[PDB]
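Peer 1: Chain by chain, the residues:
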Amino acid sequence: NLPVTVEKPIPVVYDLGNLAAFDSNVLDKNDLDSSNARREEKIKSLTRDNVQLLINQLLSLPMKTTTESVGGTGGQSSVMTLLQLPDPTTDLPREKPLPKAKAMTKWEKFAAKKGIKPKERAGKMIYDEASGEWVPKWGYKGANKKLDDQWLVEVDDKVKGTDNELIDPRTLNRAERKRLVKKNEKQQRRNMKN
Amino acid sequence: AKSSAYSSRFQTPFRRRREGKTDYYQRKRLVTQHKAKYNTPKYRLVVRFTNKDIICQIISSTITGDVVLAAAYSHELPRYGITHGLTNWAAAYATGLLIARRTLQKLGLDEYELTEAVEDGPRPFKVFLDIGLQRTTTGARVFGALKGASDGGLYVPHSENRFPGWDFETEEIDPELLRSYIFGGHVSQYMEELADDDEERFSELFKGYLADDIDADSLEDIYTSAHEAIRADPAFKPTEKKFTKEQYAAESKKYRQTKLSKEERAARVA
Amino acid sequence: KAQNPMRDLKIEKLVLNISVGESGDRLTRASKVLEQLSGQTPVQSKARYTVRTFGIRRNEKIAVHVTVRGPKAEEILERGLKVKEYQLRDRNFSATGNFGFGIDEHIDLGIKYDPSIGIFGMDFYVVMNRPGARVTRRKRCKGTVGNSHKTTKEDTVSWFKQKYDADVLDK
Amino acid sequence: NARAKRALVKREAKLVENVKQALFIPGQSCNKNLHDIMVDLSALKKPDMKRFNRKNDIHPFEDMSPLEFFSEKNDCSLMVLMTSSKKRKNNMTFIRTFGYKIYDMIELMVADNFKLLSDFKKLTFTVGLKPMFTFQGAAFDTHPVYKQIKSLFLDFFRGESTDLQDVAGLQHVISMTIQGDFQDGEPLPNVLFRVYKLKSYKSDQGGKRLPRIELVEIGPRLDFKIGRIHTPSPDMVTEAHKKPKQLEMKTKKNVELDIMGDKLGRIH
Amino acid sequence: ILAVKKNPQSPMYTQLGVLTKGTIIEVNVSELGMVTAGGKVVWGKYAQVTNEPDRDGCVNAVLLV
Amino acid sequence: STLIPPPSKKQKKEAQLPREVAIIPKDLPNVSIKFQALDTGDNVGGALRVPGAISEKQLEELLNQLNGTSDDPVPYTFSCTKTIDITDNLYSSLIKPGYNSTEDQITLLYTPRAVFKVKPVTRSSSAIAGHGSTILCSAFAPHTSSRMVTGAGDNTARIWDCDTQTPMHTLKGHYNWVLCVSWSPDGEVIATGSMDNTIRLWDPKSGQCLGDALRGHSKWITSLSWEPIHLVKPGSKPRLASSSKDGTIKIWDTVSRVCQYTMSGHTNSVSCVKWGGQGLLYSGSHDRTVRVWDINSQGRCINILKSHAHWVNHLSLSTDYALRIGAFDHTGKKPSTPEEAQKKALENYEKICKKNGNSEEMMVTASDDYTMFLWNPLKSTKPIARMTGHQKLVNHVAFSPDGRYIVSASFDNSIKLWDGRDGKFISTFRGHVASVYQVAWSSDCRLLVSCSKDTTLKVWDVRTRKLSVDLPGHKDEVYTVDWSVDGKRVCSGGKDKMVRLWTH
RNA sequence: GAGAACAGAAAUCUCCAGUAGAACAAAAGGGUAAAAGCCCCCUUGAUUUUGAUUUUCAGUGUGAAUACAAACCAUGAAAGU
RNA sequence: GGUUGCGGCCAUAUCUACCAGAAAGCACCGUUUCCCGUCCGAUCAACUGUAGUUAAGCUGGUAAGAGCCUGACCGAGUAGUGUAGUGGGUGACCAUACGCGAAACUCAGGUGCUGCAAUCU
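Protein chains in written order, with the working numbering: chain Z, 737 to 930; chain B, -17 to 252; chain S, 10 to 180; chain E, 583 to 850; chain C, 121 to 185; chain H, 811 to 1314.
Hints in this document: simulated from the structure, not taken from any laboratory.
Wrong hints could be hidden among the right ones.
Said to hold, decoys possible - 25 angstroms max Cα-Cα, derived SDA-like pairs, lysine to any residue:
(1) Z:744 to E:784
(2) E:781 to B:45
(3) H:927 to Z:817
(4) S:151 to B:9
(5) Z:832 to E:603
(6) S:151 to B:113
(7) E:784 to H:869
(8) E:832 to H:818
(9) Z:832 to E:818
(10) E:807 to Z:776
(11) C:126 to Z:861
(12) B:88 to E:782
(13) B:19 to E:631
(14) E:834 to H:866
(15) Z:800 to H:816
(16) E:779 to B:52
(17) H:1285 to C:125
(18) C:125 to E:843
(19) S:148 to B:113
(20) E:592 to E:822
(21) Z:765 to E:725
(22) E:729 to Z:767
(23) S:148 to B:-5
(24) H:823 to E:843
(25) E:602 to Z:834
(26) C:165 to H:1222
(27) H:1276 to E:822
(28) E:614 to B:-11
(29) H:823 to E:786
(30) H:927 to B:9
(31) B:19 to E:735
(32) Z:744 to E:725
(33) Z:832 to E:784
(34) Z:800 to E:812
(35) H:820 to Z:826
(36) Z:929 to E:593
(37) E:781 to Z:817
(38) Z:780 to E:843
Please model the complete structure; the sequences and the hints are all you need to start from.
Peer 2: What follows is the structure, given as C-alpha cells:
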C-alpha cells in the first residue's frame, strides 16, 4: 500500500489532450550526471511521480459511457468506458498551410451581379415523354446522346447550299457537343490562370 | 547467366516473404489499422493447419515481435477423448472450443488492470480471426475453428456465409448440416457409405476405428463427451519431459556437423 | 537414389491442342471432337497479336485445348502411340523432359468418321515430372526443385525406353 | 486514375490535418549503432514511419533542397537524418517541414552510453498507440532551444489526436529530462530520453479508483547532446500557428446554446 | 408535419410549402415505434399526400415504407 | 441523426483547466455507525465507532464478525437513509456530499446479496432458424443452460442445444399452435399446452412424447404450472396444473396420466395459474377476480379476491423463481437422491419464504385497469397495496428471485420497478418506444431483460435504475424472452421465426 | 532458351529462367509483384439526409447552394477500405 | 541443439554447385460420399496419418565462385569548400587563422542474429 499523493515543490502543469505533464522543478546535475550509479533510478523516480500525477488527472477526467452493443459503428460498446480528453493546449505548428478559398470565377461574379441563385440539383433523372421511362439526362446512357442513335433524322433546310449538306447530322451534333465541352474546359483553364 | 550487375541491383523481399508464410498486405491491415482512434489494443486468433495438427494461438502484436497470450493444439485432443481424425472439421471445432475456454479461464471472465479503476465489469474478449494464406471457402476448417471459439465464448466478429450448410441461392444457413459437421456426421456418413459399398477402401481408411471397435454411430457421443470435458477442464498441462534441455542439446549437437576453423580450411586449401 | 520409389517418372498431364486459326463452324467442330476424345469440355484461347497476313484480329478465337490426367490420359496417350506405330524421334523430347508430337488424321485414334466431322489434326503434348511437383505450385511455402530431383531429357528417354520398348530414332 | 486522385486529395492540405509522417534517411556515413537507434525510433513511431535503405549525401546546414525534395515526394513532414563524423559522432538531425519547405531543424548527437531496445529484454506495449509524455526541467518551458525540443518531440510522438481515449491503451510513457539545471553563459546540458512501461497496482489507500503506478524501462535510453539549431522565421511561425476557425461556431454576445439545444438570447 | 420535401408542381411551390396532392412531406413517426437495424429510433420519415386538402379540409398521406 | 449540442468555448476552456482528484484525506476522523438489517430491522452491536478509512469489503467482514458467523460470511450491500447506497467507502459515499458528517451517527441498512455475479448480455450468440411460424413461447432447462424449449405457431416445439446453438429435437404431436411450454422443476419432462385444447408431455433427452396427449379442455391452454418439488414427497413426480380459455383449472397426475381435480369457479377465461409453495393454487381470470384454491381441501376455492375493475392479465408470486428452479442452483449441481432433492428444494424455498420472523408468500396481480394489486392471501383478504401509475394496461409482472423487487411491463412503453414488501413505487425504466410484452430477471436479482414490440431487447441494471444495454437484431416483434438459471444466456423469439441466443 | 502437323521471323500449347527490363500515373535522387498490373464475383446507391455548425444569396429570413461532421450505404469471414 | 506456429531487423539472409540430417516436427505422399472450385481433385476444398518415403521441399557444412556486410588512431581532419586582420602585387593568383567537411585506397574480418509459445530420443 504505497501512497498515491505525490507532493511537489512547483505544481505540475498538464496537457491532457496530448497526455503530457510538465514539471519545472530543480534537477541536480550531480544527481543526474553520467558518472553516478543512481542516475537511472533518479530518472525513473521523477518519471514515476510525474506519471502518477498525470494518471490521477486522467482518471479524474469525466467519462463517457454508452448503451449500444457491438457490431455497430462507433467502436465503443456498453462494456467500454472512455475518458473524455480536453482540447490540447500545447501550440504545435501545422505541416501545411490552411486551404485558401478559391477566388470567384467569371460565372460566380456574373451570378452574384445578376442575383442568380444556385440550382437545387435534386438528381440527374428526367422523364422522357415519348416513352414511359425515367432516363439520365447526361453521362452513362444519358438522354443528351439519343440523337446519336436515332434511327431517322430530318436534314435541315438551312444546311443546303453549304459543304456540310452531305455530312451526317448525328456526326455534326457530336462535333458541336465536343466543341462545347472543349469551350467549357478552356473557360475553366482561363479561370485557373486568372 | 545472371550477372554481377543483376546480383548487385537485386532487391530481396522480406525473409517471411521469401519463405512465404506471412502475408504482409493482410497483416498490416490486421495490426496497424483501426476503425476508431480510441487506442484499443487488438488481438489475433491465428489458425493454422499442418498435415497432422491444428494450431490456434491468441497473439498480441508487440514492437519487439508479437507475443502469444494463449495457445491450443489438436494433439491435446486425445487427452479429452478424440484420438482419431485430429485434423478434421470436428477437431477444428474442438481446438477452437479449447482455446476459447482456456483463454476465458486464464483471464478470469468465467471461473491490477487500469480498466478496473474506471469500470465495474470486465469486457468480453475480442479477437480478430487470422487465417494466413488460406482460401476462404464455404465449409473450411478454419471457419470450423472460428465456430468452435465463438461457441466457447470469445467474441470473434464473423458472418456465417462460410459455415457448412449455408445456402447459396438464399442468404440462409442450415443448422442441421452445421451440427452434422460439428459432430462429424459427414465422416460417419462416409464410414457407413464405404462399409456398405466397398469393403476394400474401408479396410484402408478408418482402420483405427475398427481396431478400437468404435462404431460409426458413437462419433457424436465421443465428440459430446470431449466438449463437456473441455468445458470442465481447459487448463493447459505441459507434457512431462523425459529428457532435459542440456541432454537434448548434447544429443543433437552430436549429430549436427561441427564447425571447422579458418586455419583448418586454409590447411585444406594448401 | 534411383532405387528410391519417389524418383519415378510419370505422366503429369497430357494436352490435346487444335490451333485452327479461323473461328466459326470448324473451330466449333474441333472443340466438339476434342470433347468427344477427352470426355471433358475444352477451353478456347484468345488471340495474342494481330497480323494481316494471318487474318487474325485482336482478342479473337484461334485454338482450343484440353488437359487430361490419370488413366484416361494414359489411354489417350497409348491410342496416340498406337496411331504413331511406336516410333519416336529424339527431337520430340526437350531439355525439360516433356515431349510432343502431331497427328494429322484423328480418325485412326478410335473415332468413327462422319461427314460433318471432316479431317482434323491435333497436337499431343505430354508433361513429365516426378512426385513432389506441387512444391513449385502450392500456395504456401512455394519453393524450387533441386537438380537431382529435376527431370532431364536423358532420364525421360530412359523411362520411355523402359516402358514402351521403342527405339529413340536419332534422325 | 481514381487512385491517383485519391492520393492527391490525401496529400493536399485540410482544416483537420492527418498524422504527421516521419521519414528516416541514412546519410553518407552510417553505422550499426545508427541503424539500431533508427530501428528503435521507427518502432516507436510506426505505423506513421517510412524508412530509406540506401545512402544519401545530405548536409542539412549546407543544402536544404534534397530534404525539401524528399519531403515533397514522400509527403512526410518529419525527417530524421542519421549521419556520422569525427566532429559529430552518431549525429541525428531532426527536420520539421511546413508546406514542403524546411520549417526548423535540430541537430543532436547520441552519446556512446546507449542501451538498445534489445538489451532490456522486457515486455513492451502494443504497436501503434499514442504514448504519455513527461518533460522534466524548466528549460523546456523557458529556454528557446529546449522549447523547440519539447515541441518537436511532442509533434514527433503525438500520433493521432482524439477526444476519447481507452484506459486499456495507457501503456507507456516517454520521458525527456534535462541533465541538470544550468545558468547563463554555460554549455547546454544533454537531454535524456527514456521509455517506460506502466504497471498499475492496487493502492489500498486511494481506493479502487486510484491505483499505484510503477515503471519498467524498455529503452532505448538516449543522451542527446544539443549540437546545432536552425530556427524558423517569425512569419513562417505565425503562418504555421494560424488556426482554421471554420470548425467552431461563431460566439455571438448574449447568445447561448442550452442543454436542450435551443438558441437563447439575453436582454438587459 | 416536419417539412415539405417536394411539391411535384414546381420547386417554387416546394419552397412556399404548398400542400397539394402528390406532395412529398416529412412526418414525425415517433409514435409508430420504428427502430433501425442498428438500434436507432426513427422519428422522421417521408409520406405522400393523397388528397386535395383545399377540397376536403384535411391532409391525408401515405407513409413511404 | 440528431446529436447532443456540442460544448461551448467556455466549457472547452473549463475542460482544459486542471482537474481535482478525489482522494481520502489522511486526517479523516472516526464516525459512529449503527448496523440495521433491512429485512428484519434487528440492530446489531448497538452504535460502534469506525475509522473513516473503511472499505465496503472491510465493513462487510466487520459486520460478519459482529454477528459471529465469521466461518461462513454472507455478503451484504449497505445503504443510508434519501436512501443512498455505499459505493466504495463511507467518506466518498456520504461524507463527500456532506449530507452525513463525522459527528452525527450514521444508520446503515444492510441487505444480503448473491455470492455469484451475472455478467450482462451484450451481443447475440446466434440466430437459429428451423421454426415454420412465429415463436410463441420459450423456456430454459432448470438444471442446465444448454437446453431450451421453444413452442411456436407451426404446431411444433423445438429443443435447442444452447452449447452449439443448433436444433436438437423436434416435438410434433399437436395439431395447432403451441401456446405454452414448461420445463419440470426436476428437469425430467417438458409440458406443452397448445391451441388444439391439448397438453402433451415430452422426454427431453430422447425428444419423445410420453404416450398420448392430456385431453379434456374445451378451449385452448393459457398457462401451465408445476407442483413444487419441496412439497412433492420423495419418490414421486410433480403434478401439472393447467388453466385454459374455458375457465377451468385441471390438475393432472402424470405418472398415471389422469386428471384428478377440475376447478371451475371462474366465469371467464383464466389468464394464469400458479402453484404456490404452501399447497395453494392462485388463478387469475378475465372475470376480474383472483381465486385461491387449496389442494389439501380437495381443490375447493378458499378465497375470492375482488379489487380489480378489469381482466387480471397476470399474477406473480414472491417465491416464483424458487418454485421454478426446484432443487437446483446457479452452479447446476444435481442432487444425489430424490430425498436430497426434496430437502434441497425445501431449503431453497425457505431461504426466500421464511425471513423476518414468519414465512410469507406475497402475490402481485397485474390487470387491465392499468394497475396492480399486492396481496398476502394467507394473512388477509384485503390487498396489501395498490400500485398505480401506468398509463396503459399492465401486461406482465414479475417478482425478483429474492422477492424484494417487483417489475411491471406495460403497454405504455415502460417498465416500473416497485418495492417488493409494501409495493411503494421506486423507478421507471424508459427507453422502449413500443409496448413491452414481457420481462425476465437474472438469477442474482441485479439485472432485468425486457422484450418489446419495437423489435428490441433491453437489459437494465436494477441498482443504478438505468438502461444497461440495448440489443437489436430481431426483424419483427419479439414475443418471448427468458434468462438462464446460471445467468449465462438469454433466449428471445418472436414474429421473425428465428431464435436469438444472447450472451456476455 | 528448349520442344510441339499445317505454322517459316510474327497465329496456338508445354517446361525453365525471368526485380519487373512489361502496364498505370507522375517526371524520384527509392511509386506499385501473393499489386496500384490482368481476370472473375458483388454493388448501378453515389446528385442519400440530418445538422442550434462555416460561407453566399433572398421581400418566399426554419429555403437553397457551399464547407465540415454524423447517421447511413457498398464490400469482405474479418481486420478494415 | 533440432523442429514447428506467429514476428522484428529485411541479402551477414541473395544466386549457383556437391554432401549431411538419429529422434520429433514439417513436408512429399493415399481417396473423392460429404461442404467447395477448375478444361483437368494440377491449385483450391473435404477425409484417413491409414500404403510408403527423407528422393525433393526445409536446415546445416563445403567454394582463394558471383554478391552482400561491418570496424578502423587507413585515407583524413586531407581533398574540396566559405570569412579574415590593410597580407603582397596597377598584374592574371597564393601560404596563413577560424568554419563546414567526403569518396577512391589499404588492413583486420564475417556469411544470419534474435522475441513469444509449444514440442523432440
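Peer 1: Does each hint fit the structure? Answer for all of them.
Peer 2: Hints, verified against the model:
For the given pair, residue 744 of chain Z sits about 22 angstroms from residue 784 of chain E by alpha-carbon distance, which is consistent with the 25 angstroms threshold. Between residue 781 of chain E and residue 45 of chain B, the direct Cα distance comes to roughly 18 angstroms. Compliance with the 25 angstroms bound is thereby established for this hinted pair. Proposed proximity of residue 927 of chain H and residue 817 of chain Z is supported: the alpha carbons are some 20 angstroms apart, at most 25 angstroms. Under the criterion of a C-alpha separation no larger than 25 angstroms, the hint pairing residue 151 of chain S with residue 9 of chain B is consistent with the structure, at around 19 angstroms.
At most 25 angstroms may separate the alpha-carbon atoms for a hinted pair to count; residue 832 of chain Z and residue 603 of chain E meet this at roughly 12 angstroms. With a C-alpha separation of about 18 angstroms, the suggested pair residue 151 of chain S and residue 113 of chain B falls inside the 25 angstroms cut-off, and the hint holds. Restraint check for residue 784 of chain E and residue 869 of chain H: the C-alpha separation of about 19 angstroms stays at or below 25 angstroms, so the hint holds. Between the alpha carbons of residue 832 of chain E and residue 818 of chain H the distance comes to roughly 10 angstroms, so the proposed pair stays at or under 25 angstroms and holds.
Between residue 832 of chain Z and residue 818 of chain E the CA atoms are separated by roughly 11 angstroms; this keeps the pair inside 25 angstroms, and the hint holds. Annotation: proposed proximity of residue 807 of chain E to residue 776 of chain Z holds, straight-line Cα distance about 18 angstroms (limit 25 angstroms). Between the alpha carbons of residue 126 of chain C and residue 861 of chain Z the distance comes to roughly 15 angstroms, so the proposed pair stays at or under 25 angstroms and holds. Restraint check: the Cα-Cα separation between residue 88 of chain B and residue 782 of chain E comes to about 19 angstroms, which is no more than 25 angstroms; the hinted pair holds.
Under the criterion of a C-alpha separation no larger than 25 angstroms, the hint pairing residue 19 of chain B with residue 631 of chain E is consistent with the structure, at around 18 angstroms. Proximity of residue 834 of chain E to residue 866 of chain H is assessed by CA-CA distance (about 50 angstroms); at most 25 angstroms being required, the pair is judged violated. Pair hint residue 800 of chain Z plus residue 816 of chain H holds up; C-alpha atoms about 14 angstroms apart against a cutoff of 25 angstroms. Taking the CA atoms of residue 779 of chain E and residue 52 of chain B, the gap is near 22 angstroms; set against the 25 angstroms cutoff, the hint holds.
At most 25 angstroms may separate the alpha-carbon atoms for a hinted pair to count; residue 1285 of chain H and residue 125 of chain C exceed this at roughly 29 angstroms. Proximity of residue 125 of chain C to residue 843 of chain E is assessed by CA-CA distance (about 24 angstroms); at most 25 angstroms being required, the pair is judged to hold. For the suggested pair residue 148 of chain S and residue 113 of chain B, the alpha carbons sit about 13 angstroms apart, so the restraint of at most 25 angstroms is met. Proximity of residue 592 of chain E to residue 822 of chain E is assessed by CA-CA distance (about 19 angstroms); at most 25 angstroms being required, the pair is judged to hold.
With a C-alpha separation of about 17 angstroms, the suggested pairing of residue 765 of chain Z with residue 725 of chain E holds against the 25 angstroms cut-off. A distance of roughly 23 angstroms separates the Cα atoms of residue 729 of chain E and residue 767 of chain Z; the hinted pair therefore holds under the 25 angstroms criterion. At most 25 angstroms may separate the alpha-carbon atoms for a hinted pair to count; residue 148 of chain S and residue -5 of chain B meet this at roughly 17 angstroms. For a cut-off of 25 angstroms, the pair hint linking residue 823 of chain H to residue 843 of chain E stands: about 20 angstroms separates their Cα positions.
Under the criterion of a C-alpha separation no larger than 25 angstroms, the hint pairing residue 602 of chain E with residue 834 of chain Z is consistent with the structure, at around 15 angstroms. For the given pair, residue 165 of chain C sits about 23 angstroms from residue 1222 of chain H by alpha-carbon distance, which is consistent with the 25 angstroms threshold. The straight-line distance between the Cα atoms of residue 1276 of chain H and residue 822 of chain E is roughly 48 angstroms, outside the 25 angstroms bound, and the hint therefore fails. Of the pairs offered as hints, the one joining residue 614 of chain E and residue -11 of chain B holds, with about 23 angstroms between alpha carbons and a cut-off of 25 angstroms not exceeded.
At most 25 angstroms may separate the alpha-carbon atoms for a hinted pair to count; residue 823 of chain H and residue 786 of chain E exceed this at roughly 34 angstroms. With a C-alpha separation of about 38 angstroms, the suggested pair residue 927 of chain H and residue 9 of chain B falls outside the 25 angstroms cut-off, and the hint is violated. With a C-alpha separation of about 21 angstroms, the suggested pair residue 19 of chain B and residue 735 of chain E falls inside the 25 angstroms cut-off, and the hint holds. The straight-line distance between the Cα atoms of residue 744 of chain Z and residue 725 of chain E is roughly 22 angstroms, inside the 25 angstroms bound, and the hint therefore holds.
Note on residue 832 of chain Z and residue 784 of chain E: the hinted pairing is violated, with a Cα-Cα distance of about 45 angstroms set against a maximum of 25 angstroms. The hinted pair formed by residue 800 of chain Z and residue 812 of chain E fails the criterion: a straight-line CA distance of about 43 angstroms is larger than 25 angstroms. In summary, the hint linking residue 820 of chain H to residue 826 of chain Z is supported, as the alpha carbons are separated by about 18 angstroms, within the 25 angstroms threshold. For the hint linking residue 929 of chain Z to residue 593 of chain E, the alpha-carbon distance of about 23 angstroms falls within 25 angstroms, and the restraint holds.
Distance restraint check for residue 781 of chain E and residue 817 of chain Z: the Cα-Cα separation of roughly 20 angstroms lies within the 25 angstroms cut-off, and the hinted pair is therefore satisfied. A distance of roughly 48 angstroms separates the Cα atoms of residue 780 of chain Z and residue 843 of chain E; the hinted pair therefore is violated under the 25 angstroms criterion.
When each numbered hint is compared with the structure, violations occur for hints 14, 17, 27, 29, 30, 33, 34, 38.
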